[PDB]
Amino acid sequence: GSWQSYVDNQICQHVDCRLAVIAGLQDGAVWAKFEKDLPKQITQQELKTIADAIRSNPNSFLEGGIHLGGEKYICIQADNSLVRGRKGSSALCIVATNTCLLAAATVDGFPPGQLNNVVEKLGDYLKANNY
């Protein structure tokens, strides 16, 4: 039921997580998160920057990169509901639902398409439940 359970189970027991976070779109507040070994804890400021850009100008990520946990991911896909990035062999997938931002990045060497499938499936489930 809890937000932490979606992170720890639906995401992080189906992909091998470097980070996973569910946050509010309106303010970037964290609803739940998990991290392995990031240089910095993920901040509300980082999340709000991402949420604002996905809502208003997804192309901004091409110049600004995607910044989470003190790590810069390079953008490989961007629209107003789905953003993907890469930092070396770590993949990042971000979805916007009706009320939340779901972001996860996998450990080096984890298949990006597996990440994308799992994050998009949770995002669709949340949307279909009025989140």
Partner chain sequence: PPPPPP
Given for the second form:
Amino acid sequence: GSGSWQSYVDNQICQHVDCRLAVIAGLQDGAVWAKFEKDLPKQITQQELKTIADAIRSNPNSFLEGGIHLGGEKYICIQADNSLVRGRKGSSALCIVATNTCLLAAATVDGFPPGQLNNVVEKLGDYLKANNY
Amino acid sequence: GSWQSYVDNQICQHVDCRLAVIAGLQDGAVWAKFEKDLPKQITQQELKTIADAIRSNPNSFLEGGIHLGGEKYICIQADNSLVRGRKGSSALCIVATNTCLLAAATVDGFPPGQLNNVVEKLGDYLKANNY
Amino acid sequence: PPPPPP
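Okay, that's the form deposited without the partner chain, but what's the structure of the form solved in complex with the partner chain?
Below, the chain from earlier opens the complete complex, with every other chain and molecule after it.
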């Protein structure tokens, strides 16, 4: 009851994987509910999040044209559908999920197992969807 | 949506409520509401009156009662952020943040202090980000 | 504004 989104992101995502970034944002407007970052070239922006939210909801295939832009970095898409987008930049992995109302995204540090990242993000997405979030 | 699930699954799990409502403070637009055997539906008009009163002249609640769902609560505490009332064995707690109005009332005999804690903690969550 | 985490 009444816990902060920042605590939730830090706990549910960032304590479970070695992240370069982690963000929970609103699916309508790309408004950041909470985010954590390590040393990104640029801060994650509302614009970046709105573009992702709009794309995953309207045309996930669109990520094949130009990639996935977050934190001033470009990830090349490896999977795209309405609920799940995955990409890679070098040995860093990105996983993005859409629930009813939010977008969840996290990218790992170079070399961290992508499968762990994906499982954590996707499990948390599922939990949230089951609670109507 | 998410607000209705929050009310049902969180607030109403931790408080035995006769009613709960989350509303916009500026227009009294309902984000989510729950009702258990109220005489009438909670209306935007009821919410707008409360929003206006808690913001402008909270002493107005002593004058005009607190009207929700066709029920009348009698005010026991009033300031700009927090209004409390009673009707029989039922307690009402109302909180205003910058942009939201929160209200819940208990079923007969449920601890008012739990009511107040839950409502007030949700107000705090919102005020933490200036909502 | 979003509700708290479930």
